[PDB]
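Chemist: Listed here are the chains, written in short residue letters.
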Amino acid sequence: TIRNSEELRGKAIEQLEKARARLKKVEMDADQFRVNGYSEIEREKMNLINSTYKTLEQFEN
Amino acid sequence: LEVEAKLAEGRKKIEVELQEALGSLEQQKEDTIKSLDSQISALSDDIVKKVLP
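Quick mapping for you: the protein sequence lines, in order, are chains b and p.
Note that the entry's author numbering has the first sequence beginning at 63, numbered continuously upward.
Note that the entry's author numbering has the second sequence beginning at 168, numbered continuously upward.
Calculated directly from the structure, the hints in this document are not laboratory data.
Virtual Cβ for every residue (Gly too), placed ideally from N, Cα, C.
Among the clues, some could well be false.
[Unchecked claim] Selected chain p positions facing chain b (Cβ under 10 angstroms, derived; list incomplete):
#1 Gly177
#2 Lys180
#3 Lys196
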């Protein structure tokens, strides 16, 4: 009986802590992903405007 | 959206630029048609001396 509860508690805490550590890491991945996405969106917006200005100029031609 | 709307407005601005340029060219063409009349008269005389032997 003693060897069981301890193992459960050992294993259990290794697992809660591990799960929350993973949460942190993701909190990290997402955090990273959000920054990348934001930059990509800005560039894409830039894409649209730039290319449409090119299209304008061609229309003027 | 915001970039997209901005681009749409830019397209409208380009159309305004292009619409205006064509009108200016048309006015210029009208003036030219009015202008260089001597070419017309003399231009008319032009063919005459070379059209026949």
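Chemist: All hints are to be evaluated individually against the structure, with a verdict given for each.
Modeler: Results of checking the hints against the structure:
Contact between p:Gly177 and chain b, as hinted, is supported at the beta carbon level, the nearest pair being about 6 angstroms apart and thus within 10 angstroms. At a threshold of 10 angstroms, the smallest CB-CB gap from p:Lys180 to chain b is about 7 angstroms, leaving the interface hint in force. For the restraint placing p:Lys196 at the interface with chain b, the shortest Cβ-Cβ distance is roughly 18 angstroms, beyond the 10 angstroms limit, so the hint is violated.
Hint compliance for this structure: hint 3 alone is broken.
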